[PDB]
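Let the sequences and hints guide you as you build the complete structure.
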Amino acid sequence: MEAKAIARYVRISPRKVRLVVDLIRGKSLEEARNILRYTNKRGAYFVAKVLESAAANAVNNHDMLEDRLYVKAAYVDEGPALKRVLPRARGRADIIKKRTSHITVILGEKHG
Amino acid sequence: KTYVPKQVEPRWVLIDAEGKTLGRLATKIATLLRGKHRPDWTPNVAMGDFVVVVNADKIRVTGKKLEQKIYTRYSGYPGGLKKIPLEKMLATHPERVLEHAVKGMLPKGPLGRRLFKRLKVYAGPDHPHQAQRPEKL
Amino acid sequence: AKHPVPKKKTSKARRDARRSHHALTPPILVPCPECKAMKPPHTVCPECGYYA
Amino acid sequence: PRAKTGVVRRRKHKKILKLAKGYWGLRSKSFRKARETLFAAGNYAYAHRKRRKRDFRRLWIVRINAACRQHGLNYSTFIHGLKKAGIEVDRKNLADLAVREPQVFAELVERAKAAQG
Amino acid sequence: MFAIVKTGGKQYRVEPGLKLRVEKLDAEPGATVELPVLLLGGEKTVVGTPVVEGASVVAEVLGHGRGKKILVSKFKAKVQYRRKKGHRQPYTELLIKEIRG
RNA sequence: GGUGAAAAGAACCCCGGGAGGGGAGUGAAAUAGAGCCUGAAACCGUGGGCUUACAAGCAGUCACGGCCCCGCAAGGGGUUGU
RNA sequence: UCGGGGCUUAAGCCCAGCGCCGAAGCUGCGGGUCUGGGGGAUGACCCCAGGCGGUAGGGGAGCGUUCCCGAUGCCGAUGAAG
Ligand SMILES: [Mg+2]
Ligand SMILES: [Mg+2]
Ligand SMILES: [Mg+2]
Ligand SMILES: [Mg+2]
Ligand SMILES: [Mg+2]
Ligand SMILES: [Mg+2]
Ligand SMILES: [Mg+2]
Ligand SMILES: [Mg+2]
Ligand SMILES: [Mg+2]
Ligand SMILES: [Mg+2]
Ligand SMILES: [Mg+2]
Ligand SMILES: [Mg+2]
Ligand SMILES: [Mg+2]
Ligand SMILES: [Mg+2]
Ligand SMILES: [Mg+2]
Ligand SMILES: [Mg+2]
Ligand SMILES: [Mg+2]
Ligand SMILES: [Mg+2]
Ligand SMILES: [Mg+2]
Ligand SMILES: [Mg+2]
Ligand SMILES: [Mg+2]
Ligand SMILES: [Mg+2]
Ligand SMILES: [Mg+2]
Ligand SMILES: [Mg+2]
Ligand SMILES: [Mg+2]
Ligand SMILES: [Mg+2]
Ligand SMILES: [Mg+2]
Ligand SMILES: [Mg+2]
Ligand SMILES: [Mg+2]
Ligand SMILES: [Mg+2]
Ligand SMILES: [Mg+2]
Ligand SMILES: [Mg+2]
Ligand SMILES: [Mg+2]
Ligand SMILES: [Mg+2]
Ligand SMILES: [Mg+2]
Ligand SMILES: [Mg+2]
Ligand SMILES: [Mg+2]
Ligand SMILES: [Mg+2]
Ligand SMILES: [Mg+2]
Ligand SMILES: [Mg+2]
Ligand SMILES: [Mg+2]
Numbered sequence: 001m002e003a004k005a006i007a008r009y010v011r012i013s014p015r016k017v018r019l020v021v022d023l024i025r026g027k028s029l030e031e032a033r034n035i036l037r038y039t040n041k042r043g044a045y046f047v048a049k050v051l052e053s054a055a056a057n058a059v060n061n062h063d064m065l066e067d068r069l070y071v072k073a074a075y076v077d078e079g080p081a082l083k084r085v086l087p088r089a090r091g092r093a094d095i096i097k098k099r100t101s102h103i104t105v106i107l108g109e110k111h112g
Numbered sequence: 002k003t004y005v006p007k008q009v010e011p012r013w014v015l016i017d018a019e020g021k022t023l024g025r026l027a028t029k030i031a032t033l034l035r036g037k038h039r040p041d042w043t044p045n046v047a048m049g050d051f052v053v054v055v056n057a058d059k060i061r062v063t064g065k066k067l068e069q070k071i072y073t074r075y076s077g078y079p080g081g082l083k084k085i086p087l088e089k090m091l092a093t094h095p096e097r098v099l100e101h102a103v104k105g106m107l108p109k110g111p112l113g114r115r116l117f118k119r120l121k122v123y124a125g126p127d128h129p130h131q132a133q134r135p136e137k138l
Numbered sequence: 002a003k004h005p006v007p008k009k010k011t012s013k014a015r016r017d018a019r020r021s022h023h024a025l026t027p028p029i030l031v032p033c034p035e036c037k038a039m040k041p042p043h044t045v046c047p048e049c050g051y052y053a
Numbered sequence: 002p003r004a005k006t007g008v009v010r011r012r013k014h015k016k017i018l019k020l021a022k023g024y025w026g027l028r029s030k031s032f033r034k035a036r037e038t039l040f041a042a043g044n045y046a047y048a049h050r051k052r053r054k055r056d057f058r059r060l061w062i063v064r065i066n067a068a069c070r071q072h073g074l075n076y077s078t079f080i081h082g083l084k085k086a087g088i089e090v091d092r093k094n095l096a097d098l099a100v101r102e103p104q105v106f107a108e109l110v111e112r113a114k115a116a117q118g
Numbered sequence: 001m002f003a004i005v006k007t008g009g010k011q012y013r014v015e016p017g018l019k020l021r022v023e024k025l026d027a028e029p030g031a032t033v034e035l036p037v038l039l040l041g042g043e044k045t046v047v048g049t050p051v052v053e054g055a056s057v058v059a060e061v062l063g064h065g066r067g068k069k070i071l072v073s074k075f076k077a078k079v080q081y082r083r084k085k086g087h088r089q090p091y092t093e094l095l096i097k098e099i100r101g
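Protein chains in written order, with UniProt numbering: chain W, 1 to 112; chain Y, 2 to 138; chain F, 2 to 53; chain A, 2 to 118; chain S, 1 to 101.
No lab work stands behind these hints, which were simulated from the structure alone. Warning: the hint list may mix true and false statements.
Stated by the list, open to error - The calculated EDC-like cross-link candidates involving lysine to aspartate or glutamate, where the alpha carbons are at most 20 Å apart (straight line), are:
#: 1; chain 1: A; residue 1: 30; chain 2: F; residue 2: 17
#: 2; chain 1: A; residue 1: 54; chain 2: S; residue 2: 23
#: 3; chain 1: F; residue 1: 13; chain 2: W; residue 2: 78
#: 4; chain 1: S; residue 1: 44; chain 2: A; residue 2: 102
#: 5; chain 1: F; residue 1: 40; chain 2: W; residue 2: 30
#: 6; chain 1: A; residue 1: 85; chain 2: S; residue 2: 53
#: 7; chain 1: Y; residue 1: 2; chain 2: A; residue 2: 56
#: 8; chain 1: S; residue 1: 84; chain 2: A; residue 2: 37
#: 9; chain 1: F; residue 1: 37; chain 2: W; residue 2: 30
#: 10; chain 1: S; residue 1: 85; chain 2: A; residue 2: 37
#: 11; chain 1: F; residue 1: 10; chain 2: A; residue 2: 37
#: 12; chain 1: F; residue 1: 37; chain 2: W; residue 2: 67
#: 13; chain 1: Y; residue 1: 2; chain 2: A; residue 2: 102
#: 14; chain 1: S; residue 1: 76; chain 2: A; residue 2: 37
#: 15; chain 1: F; residue 1: 9; chain 2: A; residue 2: 37
#: 16; chain 1: F; residue 1: 40; chain 2: W; residue 2: 31
#: 17; chain 1: S; residue 1: 44; chain 2: A; residue 2: 89
#: 18; chain 1: S; residue 1: 10; chain 2: A; residue 2: 56
#: 19; chain 1: Y; residue 1: 2; chain 2: S; residue 2: 93
#: 20; chain 1: F; residue 1: 3; chain 2: W; residue 2: 94
#: 21; chain 1: W; residue 1: 16; chain 2: F; residue 2: 17
#: 22; chain 1: F; residue 1: 37; chain 2: W; residue 2: 66
#: 23; chain 1: S; residue 1: 74; chain 2: A; residue 2: 37
#: 24; chain 1: F; residue 1: 37; chain 2: F; residue 2: 48
#: 25; chain 1: F; residue 1: 13; chain 2: W; residue 2: 77
#: 26; chain 1: S; residue 1: 44; chain 2: S; residue 2: 15
#: 27; chain 1: Y; residue 1: 7; chain 2: A; residue 2: 102
#: 28; chain 1: S; residue 1: 6; chain 2: A; residue 2: 89
#: 29; chain 1: S; residue 1: 10; chain 2: A; residue 2: 89
#: 30; chain 1: S; residue 1: 44; chain 2: A; residue 2: 108
#: 31; chain 1: F; residue 1: 37; chain 2: W; residue 2: 31
#: 32; chain 1: Y; residue 1: 2; chain 2: S; residue 2: 15
#: 33; chain 1: S; residue 1: 78; chain 2: A; residue 2: 37
#: 34; chain 1: A; residue 1: 93; chain 2: Y; residue 2: 41
#: 35; chain 1: A; residue 1: 84; chain 2: S; residue 2: 53
#: 36; chain 1: A; residue 1: 51; chain 2: S; residue 2: 23
#: 37; chain 1: Y; residue 1: 109; chain 2: A; residue 2: 56
#: 38; chain 1: S; residue 1: 44; chain 2: A; residue 2: 111
#: 39; chain 1: Y; residue 1: 37; chain 2: A; residue 2: 56
Rendered as structure tokens:
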């Protein structure tokens, strides 16, 4: 089967969380737990946290076995951006987009 | 609806060289690199015979071309223009002078460049006696 | 702004192309001899320790 | 009575983006880049339909002249022969005979040869 | 056997039993038509004088129809000039029966 | 400016500090789940098909060929090598 | 660098001749539209010939959008608009 989990509205630029996601697409759950565990990026924390939740759902909601589930697929989509002004020299002002992310991980049984 | 050939087969050919007028000969060679003589002519596939020339170090040429005719050659750098005369071509790399002609007579694109590869020029003969070799004239 | 500025919007092609070398690489890891877990080689790590 | 733009504009645009599917980059996503591309596309085709006549007017001639010279004579003579004998057949295209059905070409060759001299 | 034939302005090689669409014709949707026009044969029969002096090829007309539309676009730049036309050429389909001639 | 006919606005369990999710539940409908009808385009992303590292370009058009997909068929769709 | 390659009793120049290639010109085949003549008592429609590059601009015929009469009507949950 398959079990998903999604963390929406995470205050962090998608371009940046995506790197960490690409880093564990399709790898084992145990492999990812380690990868995200020693990956040096703010994004890892989030992607790990959603990764963990994706597991509990798999097990406590869909019977599937922890000993053998992996990242069937994963991805991040961009959510609405918080725009803020920013004083600039000579009175001009810039808007700066503090972007945001919807992180998704989907798991599946190893084999059958 | 017009005919279209299938996977042909490389007919090879062996040309002399001695006494042949450089350009005159060069023409015939080209027309052989393309089909143009094979009635199943197909301008987008390349199936012109393989050509093998030998004793190119003997090619005739009229006028005073041996001193008059000079080959230019630009390098990217300033003054990088080189002027090598015919006399010096044959004196050094002589198979070269036959190439600078036929290549200059082939089409320009990616296919044209493939055709050039179907040409084998030597000063000898003593070319690698692979297989086919039907001498011509 | 002052003096130089892009002459044309970068194409989504050229853009992504630039980014061809941005991808990360997994951390180098080895199973620590004492425990069962993973450690970055040449380093000590919690839930474990060392000999003398 | 006010008649706002409504759907009209979207449908006209959408109708062109279809036409422009498969074009590189913006030429297939932007309506304006699309229309521009399609403009030339129409003209390119119309001009190429006139071209295609000549694209074969040629191909055949080569192919003909090709097999034609195997028999020792050249296209420009072959046609003088055929046209001399009043053999209005072999509309250049059908001189694919040079390919398949060779004997008939060889036949037409002698006929044209006998005609000329 | 082979048989070169003329019709609708163009010429065509023809085999006994062969479906083939050609320029529109005014004829019953099923009637038999000899293209009395004919040149050559599968056994050499060059039409010295234009046509084969006495022969022809039989063919029943399958039916009629119109070909797939072609958009003929015309555009002159700088000069706000565009034209659009849909063209669908008519064609009668043929089934070659006999080469009798 | 707009959930739904009606709050019936999601008890309870699970991962999480929270947010947010996954089940369970309500509903004709939850991709109507709460700035929630409809949800177009630009723009970002995941998967799949065809394609590309000797190649010269207003990016298309014409022709042929290869691969993939539709239909018993002649045929058609996508892609693009020359 | 004669566009290039390359060309010397020429692939140069002069004089003579027979060929062939070559446009969207002309012919063949099919079709459209307008105009004119003819058959049609007939509208419809059929036949023959001719015209149909185009900016400013003149003329003609249509397509869609909103609303009104046609509506105390008709289609619509077996699914309206989008
Ligand atoms: Mg000089
Ligand atoms: Mg090309
Ligand atoms: Mg090209
Ligand atoms: Mg308006
Ligand atoms: Mg222009
Ligand atoms: Mg202009
Ligand atoms: Mg409420
Ligand atoms: Mg819930
Ligand atoms: Mg706290
Ligand atoms: Mg909650
Ligand atoms: Mg549920
Ligand atoms: Mg229910
Ligand atoms: Mg429904
Ligand atoms: Mg449901
Ligand atoms: Mg929906
Ligand atoms: Mg809804
Ligand atoms: Mg919201
Ligand atoms: Mg919204
Ligand atoms: Mg409603
Ligand atoms: Mg969208
Ligand atoms: Mg993709
Ligand atoms: Mg491949
Ligand atoms: Mg290229
Ligand atoms: Mg170029
Ligand atoms: Mg497949
Ligand atoms: Mg079928
Ligand atoms: Mg292409
Ligand atoms: Mg020249
Ligand atoms: Mg002379
Ligand atoms: Mg009239
Ligand atoms: Mg009247
Ligand atoms: Mg005219
Ligand atoms: Mg006009
Ligand atoms: Mg005027
Ligand atoms: Mg009107
Ligand atoms: Mg009524
Ligand atoms: Mg009703
Ligand atoms: Mg209902
Ligand atoms: Mg119904
Ligand atoms: Mg429905
Ligand atoms: Mg309305």
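So, going through the hints one by one against the coordinates:
1. A/30 / F/17: The hint holds at about 18 Å.
2. A/54 / S/23: Answer holds: residue 54 of chain A to residue 23 of chain S is near 17 Å, not above 20 Å.
3. F/13 / W/78: holds (17 Å)
4. S/44 / A/102: Given that 20 Å is the threshold and the Cα spacing comes to 10 Å, the pair holds.
5. F/40 / W/30: holds (14 Å)
6. A/85 / S/53: holds (18 Å)
7. Y/2 / A/56: Holds, because 14 Å separates the two Cα atoms, which is no more than 20 Å.
8. S/84 / A/37: Given that 20 Å is the threshold and the Cα spacing comes to 15 Å, the pair holds.
9. F/37 / W/30: Given that 20 Å is the threshold and the Cα spacing comes to 13 Å, the pair holds.
10. S/85 / A/37: At roughly 18 Å apart (the allowed maximum being 20 Å), residue 37 of chain A and residue 85 of chain S satisfy the hint.
11. F/10 / A/37: The given pair, whose Cα atoms are some 19 Å apart, holds under the 20 Å limit.
12. F/37 / W/67: Answer holds: residue 37 of chain F to residue 67 of chain W is near 16 Å, not above 20 Å.
13. Y/2 / A/102: Holds. Residue 2 of chain Y to residue 102 of chain A sits at ~15 Å (cutoff 20 Å).
14. S/76 / A/37: holds (12 Å)
15. F/9 / A/37: holds (19 Å)
16. F/40 / W/31: holds (13 Å)
17. S/44 / A/89: holds (16 Å)
18. S/10 / A/56: Given pair residue 10 of chain S, residue 56 of chain A holds - Cα atoms ~17 Å apart, limit 20 Å.
19. Y/2 / S/93: With Cα atoms ~16 Å apart, residue 2 of chain Y and residue 93 of chain S stay inside 20 Å; holds.
20. F/3 / W/94: The given pair, whose Cα atoms are some 17 Å apart, holds under the 20 Å limit.
21. W/16 / F/17: holds (14 Å)
22. F/37 / W/66: It holds: about 18 Å lies between the C-alpha atoms, which stays within 20 Å.
23. S/74 / A/37: Cα-Cα ~13 Å, so holds.
24. F/37 / F/48: holds (10 Å)
25. F/13 / W/77: Holds, at about 18 Å.
26. S/44 / S/15: holds (15 Å)
27. Y/7 / A/102: holds (17 Å)
28. S/6 / A/89: holds (11 Å)
29. S/10 / A/89: Since the Cα atoms of residue 10 of chain S and residue 89 of chain A sit roughly 12 Å apart, the hinted pair holds (cutoff 20 Å).
30. S/44 / A/108: holds (7 Å)
31. F/37 / W/31: holds (14 Å)
32. Y/2 / S/15: Since the Cα atoms of residue 2 of chain Y and residue 15 of chain S sit roughly 14 Å apart, the hinted pair holds (cutoff 20 Å).
33. S/78 / A/37: holds (13 Å)
34. A/93 / Y/41: holds (14 Å)
35. A/84 / S/53: holds (17 Å)
36. A/51 / S/23: holds (19 Å)
37. Y/109 / A/56: holds (19 Å)
38. S/44 / A/111: holds (12 Å)
39. Y/37 / A/56: This hinted pair holds, its Cα atoms lying about 15 Å apart.
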